[PDB]
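Kindly produce the complete structure, drawing on both the sequences and the hints.
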Amino acid sequence: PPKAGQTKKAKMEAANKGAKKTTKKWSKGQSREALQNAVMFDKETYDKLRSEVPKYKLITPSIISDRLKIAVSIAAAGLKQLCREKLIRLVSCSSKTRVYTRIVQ
Amino acid sequence: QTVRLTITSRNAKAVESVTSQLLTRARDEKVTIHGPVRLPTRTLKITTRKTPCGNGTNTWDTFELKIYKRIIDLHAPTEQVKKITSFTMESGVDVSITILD
Amino acid sequence: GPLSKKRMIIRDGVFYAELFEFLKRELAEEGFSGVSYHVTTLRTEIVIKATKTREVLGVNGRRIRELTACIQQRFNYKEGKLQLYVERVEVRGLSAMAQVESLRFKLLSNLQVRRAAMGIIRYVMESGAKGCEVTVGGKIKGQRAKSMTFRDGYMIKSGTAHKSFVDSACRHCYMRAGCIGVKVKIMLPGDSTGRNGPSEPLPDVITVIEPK
Amino acid sequence: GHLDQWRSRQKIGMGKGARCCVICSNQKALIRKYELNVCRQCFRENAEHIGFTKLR
Amino acid sequence: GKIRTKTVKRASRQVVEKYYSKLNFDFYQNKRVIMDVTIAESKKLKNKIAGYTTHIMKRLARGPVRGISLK
Amino acid sequence: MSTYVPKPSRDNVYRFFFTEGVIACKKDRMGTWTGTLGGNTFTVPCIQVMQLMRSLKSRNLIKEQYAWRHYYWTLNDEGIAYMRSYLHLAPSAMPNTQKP
RNA sequence: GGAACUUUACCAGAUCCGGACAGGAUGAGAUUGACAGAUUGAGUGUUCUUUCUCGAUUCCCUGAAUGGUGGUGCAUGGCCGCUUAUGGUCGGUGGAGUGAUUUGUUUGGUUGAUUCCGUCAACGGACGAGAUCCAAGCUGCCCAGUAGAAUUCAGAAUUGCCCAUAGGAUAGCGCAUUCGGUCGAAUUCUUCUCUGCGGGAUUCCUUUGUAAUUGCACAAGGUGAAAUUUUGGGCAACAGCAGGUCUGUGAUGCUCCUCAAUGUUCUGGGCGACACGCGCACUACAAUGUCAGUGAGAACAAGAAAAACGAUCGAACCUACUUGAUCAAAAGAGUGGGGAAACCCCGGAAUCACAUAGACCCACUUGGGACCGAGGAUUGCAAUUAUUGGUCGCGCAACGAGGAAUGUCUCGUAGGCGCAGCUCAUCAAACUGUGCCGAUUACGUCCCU
Ligand SMILES: [K+]
Ligand SMILES: [K+]
Ligand SMILES: [K+]
Ligand SMILES: [K+]
Ligand SMILES: [K+]
Ligand SMILES: [K+]
Ligand SMILES: [K+]
Ligand SMILES: [K+]
Ligand SMILES: [Mg+2]
Ligand SMILES: [Mg+2]
Ligand SMILES: [Mg+2]
Ligand SMILES: [Mg+2]
Ligand SMILES: [Mg+2]
Ligand SMILES: [Mg+2]
Ligand SMILES: [Mg+2]
Ligand SMILES: [Mg+2]
Ligand SMILES: [Mg+2]
Ligand SMILES: [Mg+2]
Ligand SMILES: [Mg+2]
Ligand SMILES: [Mg+2]
Ligand code: NA
Ligand code: NA
Ligand code: NA
Ligand code: NA
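Top line first, the protein sequences correspond to chains A, V, S, P, H and C.
Here our numbering is used: the first residue of the first sequence is -16, the next is one more, and so on.
Here our numbering is used: the first residue of the second sequence is 4, the next is one more, and so on.
Here our numbering is used: the first residue of the third sequence is 1017, the next is one more, and so on.
Here our numbering is used: the first residue of the fourth sequence is 57, the next is one more, and so on.
Here our numbering is used: the first residue of the fifth sequence is 2, the next is one more, and so on.
Here our numbering is used: the first residue of the sixth sequence is 94, the next is one more, and so on.
It should be emphasised that the hints constitute simulated quantities derived from the structure, not laboratory data.
Any given hint could be a false lead.
Pairs of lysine-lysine residues, derived as DSSO-like cross-links and limited to a Cα-Cα distance of at most 30 angstroms, are as follows [as the list claims (entries may be wrong)]:
id, chain 1, residue 1, chain 2, residue 2
1, V, 33, V, 86
2, P, 67, C, 120
3, S, 1228, H, 19
4, C, 150, S, 1094
5, H, 19, H, 3
6, S, 1173, H, 3
7, A, -8, A, 7
8, S, 1179, V, 48
9, S, 1199, S, 1179
10, H, 49, S, 1228
11, S, 1040, C, 119
12, S, 1155, S, 1173
13, A, 63, A, 52
14, S, 1179, H, 47
15, S, 1179, V, 85
16, A, 52, A, 31
Rendered as structure tokens:
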């Protein structure tokens, strides 16, 4: 075995006692600002969804959340409602993803 | 009364040098035969280390043992069947007599 | 319950391995050259191959009955259900097990290593062998151990064909200074009948029919 | 007395102490597959006599 | 890498010397002739011999070839 | 598991040894050895019969072979004569191996 | 080499002789074994008190002998690993040197190749390479009551007008589909499956290609299931290494201990012990996601016992079905089947899919489960130092993609995903195989090693 030369038991003991914590953090990280997204609709936010969200060429739950500062869970819920009232039309659909667009005229 | 003839051996050459003989002797006995079925060949696998001490590159030894099985079903009485089977087989081949109902 | 067909052959193989080992130690002084058995409904018919047939039978079949008693008691054979025969080796010089036992007996009789190993090689090739190799290793020339190999003739060492054309055997010779290992490999000539030969042409040889 | 105390754990017959090698009575690295009960080192020397062949 | 080893080349030169009249310019009919005029454990070598015998025959039709003696 | 063999069990083992010139016993300290002795059958511990054959071998009365956890003991000419003297069997009595 | 006891080799203690045999002193009383009390960790005759039993097997002492997972692998055998995955190695006779030595075995092209062609003071050989062998893909004969299929009779089911809570895209335009419990019959057959010998592929065919100025070959395309060692393995020369193993063996020389033993058993502990450093894995850091549903769907494989025990079978082994269930899981039971192409099994694996109109919505968060608490069941002679599942809690334990460095890999491959075997009474973050989903890049070079 590579038994270190001139290494003491006191040298050993002082090595492990100083080996706790210290060296770490090999990544920069670059922290981000928190996203304050509302979990329920306000009166003015719900008014924007019924009026401003239509006549958008591309409509997506993640897009609407980025506009109205709301959660995607309720952003998707409002979009499903706007389809029930035929204000927007659904172009691509799956379990995980829905794409909507404005109606013609 | 159907009699079942089961042949099994380690040797591929010997396992069917008795089925061919059993097939021939029964054809000389004019007894109706359901052809010899080649049952799947089962391989017994043992994989061990080559070394006796656990030193060096861990190399392994794959040992295989194949079993060959055949069956012949013939409509013949016990006395007639015993005539067909009453001959010298080779070493390492065992033939089993079975009556089906 | 009947043992599974995969368990019956394992039992048959393990039985033959023990039977081979028992005869190797018992019949070392003779040229024990293998054992075969043929289990029938009436008996078992164990056949022993050795160079000195008279030495394994004894007087009036004394020793072969002692061996029969050994096998009967070991494997619990009912009386009359086990029979033992002994047959002679057709060519004594084409059996690696017989030649390795002869070499081991020569060394234990204080024969010189080069003289004994050379003497085996000439006898092997006087019998029609295509080749022969004899290896002796251990404490031959002093405290340091050396391995000396003696060759003569052809010998293939690679592929799988060398397991059907080459007969090999090794033994341990316990001498005063220590154990000495002897190896004998004999390259068998081909035979039309295959009685003492591989009975197949060499995997690389290609003969052309002479036009008639 | 001492006769009953003698080899009491061995007569229990469980564990690696119970199982040994059918060729050399060694308790290390035993091949129990197919009920061989042969050492891995003793197997490699007796594999051909049992019927096992070394291919691929 | 598809070189004919000296075992194939020597055997295919022996076949041309002994059965030149029976041979031809095609592999498949020549391979049939190689099948019964040769003893070999391997079908692959018989296939490589038949390939090189045909190569010799195409070489012979253009001129003499070293290593082939036809009386 | 004791090596204090009884005299009747030693005599029974010696009777089987003379009748069948060979005794084959497994090399294990537990377990038992089974013999027939013509009619019926008898059983003696393996360690005890191994103990008896240690004495005979040290007296050059038997030859010993061992292979795969199993002993093989065979009486020799001096050993057979001793068994006749010990068992008090009349002359011309021989084991089944000797008997034609 | 996944150690609860055993294993086990270590530690604290207690038994046995498994000191054969030979020579002496006792001796038909040599000895063996023991209930009760106490000695003790031990309702351990170990020893002791007290006697009974045994019987010539044994004790006493002298030599000896045996056993040992004792030493020494730098005394060895055998086996293995490595030099060393490449193309290497060696005689005979002849030539050349005073000789070690050299030639052969060389240069040119080619090839993975000392593979070939050519040249030639070398000519003849031998081994390795190649060939052989084993598995994959294509196919022939054989073949089935241990594999299946298609028809024909019957018996049952849907049956046409129907447009989803928003309902798009995607084949049908003489007889309409289903129904491995409808456990229904009859007939026919080998398309799938099983497999012992075969066939098949080799530079075979073609370039106004490279090369050729003979050749050996090469590159693209063709034929084809397969197009270059077909693919993947196994085997693998000669010289070695003071490489590993005396912990595989009744493989072993020398030496060590040998009756309060380094033998052998039994009890308990340890091999797991934690300021720390390192190798190899497992799980992650989330939305190309986590949960809760639903669908369709592999392959390799393993399955039970004796000269024991009960009345030649029957129980151990693996399972399916039912029950438990008039209410959690894990269990526990009963019945039947399977010696294994027969039962498991129509092998309902997980990646995967879902137009599931499902929840979450960027946060150390429904990510991540480390750590710990209480109940309960199972394996075992024994669970404390949690053996292993299952239930509810903890989750405020780090971890948000990892510095310098560094491993493996060319196509059904990497990566991902499970499954079986093996160790196994109980326990896989292991290995050995197996199939499933399946790419990026290169078709080179000698810059680094
Ligand atoms: K088992
Ligand atoms: K032990
Ligand atoms: K060695
Ligand atoms: K090399
Ligand atoms: K000279
Ligand atoms: K090249
Ligand atoms: K190798
Ligand atoms: K070597
Ligand atoms: Mg070769
Ligand atoms: Mg090769
Ligand atoms: Mg454990
Ligand atoms: Mg010990
Ligand atoms: Mg030992
Ligand atoms: Mg060494
Ligand atoms: Mg040279
Ligand atoms: Mg070299
Ligand atoms: Mg212990
Ligand atoms: Mg450890
Ligand atoms: Mg718990
Ligand atoms: Mg492991
Ligand atoms: Na010379
Ligand atoms: Na020379
Ligand atoms: Na030693
Ligand atoms: Na380089």
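Hints and how they fare:
As the CA atoms of residue 33/V and residue 86/V are separated by approximately 13 angstroms, the hinted pair is consistent with the 30 angstroms bound. Between the alpha carbons of residue 67/P and residue 120/C the distance comes to roughly 16 angstroms, so the proposed pair stays at or under 30 angstroms and holds. Note on residue 1228/S and residue 19/H: the hinted pairing holds, with a Cα-Cα distance of about 10 angstroms set against a maximum of 30 angstroms. Using a Cα cut-off of 30 angstroms, the hinted pair residue 150/C and residue 1094/S holds, with the two alpha carbons roughly 28 angstroms apart.
In summary, the hint linking residue 19/H to residue 3/H is supported, as the alpha carbons are separated by about 25 angstroms, within the 30 angstroms threshold. This hinted pair checks out: residue 1173/S and residue 3/H have alpha carbons roughly 25 angstroms apart, not beyond 30 angstroms. Straight-line distance between C-alpha atoms of residue -8/A and residue 7/A comes to about 26 angstroms, which keeps the hinted pair within the 30 angstroms bound. Between residue 1179/S and residue 48/V, the direct Cα distance comes to roughly 21 angstroms. Compliance with the 30 angstroms bound is thereby established for this hinted pair.
Of the supplied pair hints, the one linking residue 1199/S and residue 1179/S holds, its CA atoms being roughly 15 angstroms apart against a limit of 30 angstroms. A C-alpha spacing of about 25 angstroms is found between residue 49/H and residue 1228/S, which places the hinted pair at or below 30 angstroms, so the restraint holds. Our distance criterion of 30 angstroms between C-alpha atoms is met by residue 1040/S and residue 119/C, whose separation comes to about 19 angstroms. Between residue 1155/S and residue 1173/S the CA atoms are separated by roughly 27 angstroms; this keeps the pair inside 30 angstroms, and the hint holds.
Restraint check: the Cα-Cα separation between residue 63/A and residue 52/A comes to about 18 angstroms, which is no more than 30 angstroms; the hinted pair holds. The straight-line distance between the Cα atoms of residue 1179/S and residue 47/H is roughly 23 angstroms, inside the 30 angstroms bound, and the hint therefore holds. Only pairs whose Cα atoms come within 30 angstroms are accepted, and residue 1179/S paired with residue 85/V is rejected, the gap being roughly 39 angstroms. Restraint check for residue 52/A and residue 31/A: satisfied, since their Cα atoms lie roughly 11 angstroms apart, inside the 30 angstroms limit.
Checked against the numbered hints above, the structure violates only hint 15.
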